[PDB]
Every structure is written in C-alpha cells, then in structure tokens.
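Have a look below at one chain only, the form deposited in one PDB entry, in structure tokens format.
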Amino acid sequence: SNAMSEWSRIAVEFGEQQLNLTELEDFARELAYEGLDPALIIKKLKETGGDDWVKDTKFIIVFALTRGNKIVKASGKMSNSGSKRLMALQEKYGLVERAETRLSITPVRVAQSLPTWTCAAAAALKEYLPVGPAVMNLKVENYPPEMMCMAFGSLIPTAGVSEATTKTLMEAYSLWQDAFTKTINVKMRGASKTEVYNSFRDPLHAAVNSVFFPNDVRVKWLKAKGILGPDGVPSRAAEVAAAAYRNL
C-alpha cells in the first residue's frame, strides 16, 4: 500500500487476480511434454495397411520389443527372412528410426500406441527381450514380465486407483526403465540414478497422464494380469520392485 510507479502497480495488481484453475490446468496440459500421438500412428497404419495392417503391426511391434528402433543396423544382423520383411514394411509404412516429427512412425511408437497388446506380447516373448528376466532376476524376485517393455507406462492408471498405487507402479516400472536406459543408452554410461531417471521422467509422466488409453481399461487389464489385486492395490511383486527402485 505504499506509493509505487505505474509499471510496478500493474505487476502488483496482476498478482492480485484470482487464479482460474480450470483454465490454468487446460493450459498446463496443452503445454506439457507429449512424446507421441497414438491416434495419429494408428490412423496412418490402418489407412496404409488396409486389411494387412494388423498382422503388419504385430511384426513391427515384435521388432520394437526385441531390437528397438534401429531398423538398418538391426536388419544387418538378423535372419534373411526377418530383414527382407522388415525392409519391406519400412518402405510400405514409411518407418523411421527416430521420432523427428509428430508424423514419424518409429517401431517403438507403434508399440506404445497399442500398449495392452505390446505388454502381453512382451511377457509372452520375455526370453527374447534384451533386458528381460535374466537382468531383472538379479535385482528382485518375480519382476512382472509385462513391465519389461517401453509401453508399460501407458498402462499405469491415475483414475480408479489411489495415488499411492500410481506412485508404486511408476517406481516398480522405473526399475526396468532404469536398467533398459543404461543398457541401450551409451550417454548414460556413468550417469547417476537421478540423471537416468530424468532421461525418462517426461515420457513416463506423459504416458501415465495420457487420455488416449482409458484408465478403466488399464485397471481391468492390470487386475487380469495380477499386477493389481482385486482390491485395486499393487501385487507383492510390484511392491518389492518399487521398494528396490527407491533403494537403488
């Protein structure tokens, strides 16, 4: 209430405004990290593939699960049948190895757009994953195999479970992400826990906060897989995994 300049007064009165929380949360969601647009990816696949899109997509996802995004490098070190088919799919769908643009269709983006399929496939193919049971068995007992892939973050619910459940599932999953990031990213070779976490913090939060894949389907699927119990809280293995990550 002391005398001030007209520019100071503007700053002061600006800050006396009430916050419009609905509007501020809209803005914050529009400006938040987004790693991919799953509806865009699926639309591109289906429109290009027609009646072959489902079978084609499954093959691309197995590649993403087991070899990642590096199409050319990987195709040089794989069976002839696998390489021929992967190269043909790349030409057919315009697959690329890096997400340069919203339009970029990478194998990992395809996997993340269909997360319930991808994570079931990961569990089924757990013996083929670069970071799978062998690695996780050294860290804890009974790491959920559905968590051993880049798509599991999209299946962690925010609605229909407690915030403690959400946090625990994120931590349990971080145990795999931490390991996968370190094995596959050479820039993380000497990084601290906090540094490797920050390399996947934004993509993980974006996957969890996404509205594309409905929370109720996530909860029901996690219950069916036993990752959540019938009461909607994490299984013992999930709690052990989460504890292991917090302790890391």
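Residue numbers count along the first chain shown, from 1. Only the largest set of C-alpha atoms that superpose within 1.5 Å between the two forms is called the rigid core. Compared with the form deposited in another entry:
- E16 and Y93 are assigned to two distinct rigid parts for the movement between the two forms, based on which superposition fits each C-alpha better.
- Between the two rigid parts, the smaller one rotates 18° against the larger between the two forms, as C-alpha superposition shows.
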Contents of the next structure:
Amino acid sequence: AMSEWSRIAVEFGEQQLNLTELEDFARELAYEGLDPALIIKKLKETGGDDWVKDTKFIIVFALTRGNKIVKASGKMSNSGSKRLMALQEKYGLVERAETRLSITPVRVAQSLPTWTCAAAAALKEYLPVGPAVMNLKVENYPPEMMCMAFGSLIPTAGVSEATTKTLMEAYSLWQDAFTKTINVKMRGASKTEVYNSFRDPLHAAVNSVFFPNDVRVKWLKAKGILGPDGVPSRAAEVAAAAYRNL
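Mind giving me the form deposited in another entry, seeing as the form deposited in one PDB entry was just shown?
Chain only, nothing else included.
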C-alpha cells in the first residue's frame, strides 16, 4: 500500500498458485543424492572393456573403506593401493560428492545397487559395521542391508505402505548404527538428530524411479527379505521393531 514496492508485494500475494508447476519446481529442486545414469555412463564410457572389472573393485573399496581414497591408500596392501590409485586417475574418482558430476566410490556402489548389496552380504565379515555390531541388537540382521546402497532397493509399489515403512525402520537400524560407529561428530546425538542427518538421502533413494520397483520386490523376495506374499521377513520385522524402540 505505502509505496509502489509495498503494493507490488501485496499484488504478488493476490496471485493464484499453479499447483502443477509448483510441484514440478519442487521436484526439480528436491534433494537428490546422485544421478545413477550419469555415473554408469561415465564409467562404461571411460573404461570400455575392463569397466565391469574395474567398477566392482571400486565397490568393494567403497563397501569396506568408504570414500577416503588417499588416507586409505596409505593403510592397505601394496597391490590394493596401487590399483586403487590407478583407478582414481583413470576415472577421476573423488573423495567427496561436491557436484552432480563427482564420482565418489560410494556413488559408484549406490549406482549398481543390487550388485553392491549382494557383495555386502558376501563380504559381511569385511564391512566396517557388519554382523558383530548388528547381531547384538537383533538376531540375523539381513546382511544385504549393511551398506549405503540398500535404500535404493526398498520399493514403493508392489507392496503395502506398511511393508515399505517396515523396511525403512529396519534399515534405519543399520543407518543409525553406521553413523554412530563411523562419524566422530555425531557421537552424543539424540536418536532423532542421527535420523535427520540421513532423512533426505534415504528418502531420495526410496522415492527414486531410476531403479525399477518390480525388480526390487523380486530381489527382495529372492533374498528372503520379503516372503512370497510380499511382506517383510521375521528378521526385518524385529529390526524394524528394534529401531522403533530406539
């Protein structure tokens, strides 16, 4: 009212919302941890042959050591150090995901989710936070869930909303545990504060559409995490309950 600027503010408020375009903007700008297609393309293009061989290796590193290439290269066998650093030069691996284009080894593992989670369980005895830590909270925690990549495999279609919620709570057990075990800064945070530090990445993975739900459900059934009826395992239901109970 008072100035032309004041009136402009008021009239801008008088407008009517376009709910279809506001939504688009919202999703356009919504959190996103990675573009799996860009990482797979970068990888396959860069290494022609020897890209499946080279990628897997990057995934075992991510699974067992994280993103910290340089510190890690100094604390490993010579051949593993040698190859790791070779692959870093070769793919331009970075230790921190600054932009959409930055290839961290954990982004690599998150981009091939069903291979990673399978490798996780085969290697459960090498994971930084595996059966030891998990088993003393629940009997038989599904080892495929012991990695950053498992959230991409929780489905949102072909299962009940309750099933999807169970899988997230169960998975949160390991998320919360990994964080505490691994993150120095996070030590002493309430259960909610731990949660928030991973709310967004887990959501973006779940509600992502790159890895198709029908493939998820089948994988889940095949691993026993869902029964044939499409509802969680015993172990999942407990892990979920455990997590709801702190």
